[PDB]
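Just the one chain here, laid out as structure tokens, in the form solved without ligand ADP.
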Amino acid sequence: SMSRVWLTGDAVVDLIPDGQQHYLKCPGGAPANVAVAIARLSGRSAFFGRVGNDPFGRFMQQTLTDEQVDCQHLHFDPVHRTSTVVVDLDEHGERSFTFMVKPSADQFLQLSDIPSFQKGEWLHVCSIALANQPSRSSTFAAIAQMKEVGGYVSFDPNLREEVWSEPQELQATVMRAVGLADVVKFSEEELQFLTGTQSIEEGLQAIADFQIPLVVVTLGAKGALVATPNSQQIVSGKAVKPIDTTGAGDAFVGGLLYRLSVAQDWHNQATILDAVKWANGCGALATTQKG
């Protein structure tokens, strides 16, 4: 087997209005979305993290097992509760969502929740895991161990100021993670938010000292900006400019990580280009399903 992508962070149950007096149970959370995306490509994906010993936590355990994601290292906190979102409708029927549990069980990820890592494996992290302690320090420890054993680390800062008890620590904590990552996925505005000169130019030029092996930037319909310290390149979805990646950022990551993980040499420029091709493929695939 040997090839494997580890995923960690917030497993989330979304509650959607199924008309009136009814909510639909929908599994969510960016780490779980990417984890499922990889397993749907017949890839080997495993999830470690913390949910609550509650029905919603059990829903995610069942969902992930069904989707063939290994969740043997999924823990159930007897006290804290699984992250739960309720989306709400306007007078005009326009969506709005509310975090129901703060802070959720995922924020209490412990050092003993971290599984043994093997050489050549991948670890993917989102910013929510870096919001508060003990999850902040536990996640960084997971990163260090993955690298120490000869593994690789990807990072996608799906940043939301909400979950943070101390929003001021965000710019420094996330840019800290960017420094330790092998692959970093940036949204256009995300790259900007860390002081963008209105362009993705010097916003890019800034991170140069970090010497990140691979940086990928979504570009709505323009496709995907691919950045290596040597080169610079755009990999469009060669089809009359398709569409965006609304909610398909996770699917994008999944397709990217699945291909990079099974590569003999993911550092290869040719291998990277093919991986981005799949990533755009997954991203487009998700947004054609009315999503």
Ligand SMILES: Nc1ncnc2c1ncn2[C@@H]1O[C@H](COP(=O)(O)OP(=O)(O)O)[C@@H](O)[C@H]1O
Given for the second form:
Protein chains: 2
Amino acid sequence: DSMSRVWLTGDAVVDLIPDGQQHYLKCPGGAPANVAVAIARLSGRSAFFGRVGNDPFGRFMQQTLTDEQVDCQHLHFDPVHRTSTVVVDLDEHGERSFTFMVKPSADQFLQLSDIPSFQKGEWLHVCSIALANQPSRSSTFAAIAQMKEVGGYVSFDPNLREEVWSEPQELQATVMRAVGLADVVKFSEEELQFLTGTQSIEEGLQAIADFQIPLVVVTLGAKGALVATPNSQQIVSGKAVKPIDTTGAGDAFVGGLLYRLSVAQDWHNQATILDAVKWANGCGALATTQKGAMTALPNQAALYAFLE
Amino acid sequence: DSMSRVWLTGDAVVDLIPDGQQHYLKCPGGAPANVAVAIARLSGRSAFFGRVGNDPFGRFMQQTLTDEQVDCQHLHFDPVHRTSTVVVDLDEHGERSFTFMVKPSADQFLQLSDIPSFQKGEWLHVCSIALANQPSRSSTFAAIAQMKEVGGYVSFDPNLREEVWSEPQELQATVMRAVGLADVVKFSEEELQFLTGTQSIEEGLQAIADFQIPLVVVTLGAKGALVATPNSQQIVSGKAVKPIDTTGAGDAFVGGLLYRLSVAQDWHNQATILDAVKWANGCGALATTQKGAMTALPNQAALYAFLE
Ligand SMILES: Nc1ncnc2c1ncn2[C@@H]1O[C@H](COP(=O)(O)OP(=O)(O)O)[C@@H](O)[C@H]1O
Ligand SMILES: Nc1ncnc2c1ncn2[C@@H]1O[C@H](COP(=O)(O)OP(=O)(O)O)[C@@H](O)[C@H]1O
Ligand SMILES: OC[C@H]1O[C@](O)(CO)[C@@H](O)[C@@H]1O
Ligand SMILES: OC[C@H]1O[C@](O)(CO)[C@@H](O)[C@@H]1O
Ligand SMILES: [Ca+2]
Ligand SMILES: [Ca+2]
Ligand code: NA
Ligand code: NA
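So that was the form solved without ligand ADP. Now I'd like the form deposited with ligand ADP bound, please.
Starting with the chain above, the whole complex follows.
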């Protein structure tokens, strides 16, 4: 029974990824959708709550999630607003590679009544787009508070996309409020430095010390990940691959991480955490092997073969 | 000198058109953009005024128009809003084939100061999306009034896309206000019946009689076009083709029509009008031969070869 449900909330998105001159691949995406699918592919128990648009992209994302055996009972169609649609520039990476065409998209209209019943020991994973505008911002903070209240665990990956914020001057403080609520926080190197105003990972980690975050993980691209827990920092690294498409690699990482925490007896244990990050690294690498955030999210047969 | 400038205003759009499973063609589109390019390809003098987004789709549409030798001096980038992005379903046709992902897109924020200087004898062509929301609605009606004031001519093609209207209950009356301002109005059969609440072209034309519109043209798909001028109705038809893609065929039609009116000594003359509609029909047919509204917009060598 120790396989705990992981709830994902936020933006399911169609990522339009160049593939041939004059053509886009229609790729399912959206960071929390990506994480959900990553966990399901590893045979985990994931479930999504949020809003997409009542449009073909929204229906495509519902179909995708259900095909991937992600529970979508709590994925709702907004009656007015459209599904997020993102154009990817493959000459860039991460935030710089995305243009958001729909602002505010349906997910930004998440309401308190959209939040499902949570149980002790469950996980909730959130990214910063969910915090970008109201009412999703306040609804998502309420979801976090409710998960904490019931004795669940909260994972946060800022996954910064500034252009989504109608008030970008609110990003830093709003994101850092969520960082202070979380049990697990994952940053890219650049995101940690940006949110703390620092020029190195060392200074960045010192700047978040007072938050007393139980587990911080800083991805280092090819160099793997820095795992920071109380009074300990350790780099965990595996095989570097040449990425074909970096889109969503950090979400694959989170997916492997949370899958392994979710099936642990006691996720707080250092051995469990380090192993979970080993899986995260393998997932992140494999995810880069095909275009589309979800396309090469691995199953266990593939991951074990790669980690061996 | 008798080649008069035709001004086009409204929405330049990226149309995402299925082409292979999992792929979209990235096709330039937007009815008034289509009309502009149709006129330019026939060696006419066309110019566009309006707003796209400060984004890659907006820049792509600017590039497209300038490549097609459409004057874009007055195409501006909106600082906030995104370029219209439309998903096409090729199992449907016309309005029913389009899903608008960006609402309100940049073009809906057309301001009075975006209107260029007009001169006597020039043409202005408008479609109903320009009237869908404020401030574009009032700005566009002002542009129409200014063109009338200076002794130019106004062309209107409702080109109905209801979903773009935040207040769809305003569509009928707003559209019909523009119909009453125009020198030339082009309807599809279905659009004429919808806007007049009638069940036939005959009743539809009777219902707009009091408007005293100088030239009404009703397209009849494969059967060509009905040309209604005072006390006269005449069907003009040419070679029917099997359409490969109907997207924008009605805009190609308008393009050929207005190109020929724009180069006429006296466009009011029945011979000039009938010839212009013959060109319109040929353009509409040829436009269907490739995917994308603009792709097969013909040049004169192609059109003459087809009409012969
Ligand atoms: N070149 C690489 N080789 C091996 N693993 C990688 C490589 N790049 C990324 N990863 C894995 O994915 C994580 C971050 O990748 P990233 O490119 O930032 O993806 P994304 O930006 O979409 O989140 C790293 O922690 C690592 O585990
Ligand atoms: N099957 C056809 N054969 C010949 N001409 C056509 C055909 N279909 C459309 N046209 C031309 O284009 C016009 C309308 O086509 P349509 O399919 O409604 O294009 P759109 O809906 O994009 O405006 C007609 O008036 C006609 O001149
Ligand atoms: O993490 C990658 C994902 O992040 C997004 O930019 C926003 O959710 C998506 O476009 C992409 O799939
Ligand atoms: O007339 C066809 C054109 O009309 C639109 O639906 C709206 O402007 C575009 O998507 C398409 O190119
Ligand atoms: Ca990321
Ligand atoms: Ca039309
Ligand atoms: Na991928
Ligand atoms: Na075409």
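The term rigid core refers to the most C-alpha atoms you can superpose between the two forms while keeping them within 1.5 Å. Residue numbers count along the first chain shown, from 1.
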query: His22 C-alpha shift between the two forms of 2 Å or more, rigid core reference; finding: yes
query: CA of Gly196, rigid core aligned, shift of 2 Å or more between the two forms; finding: yes
query: Threshold 2 Å Cα movement between the two forms for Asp70, core superposed; finding: no
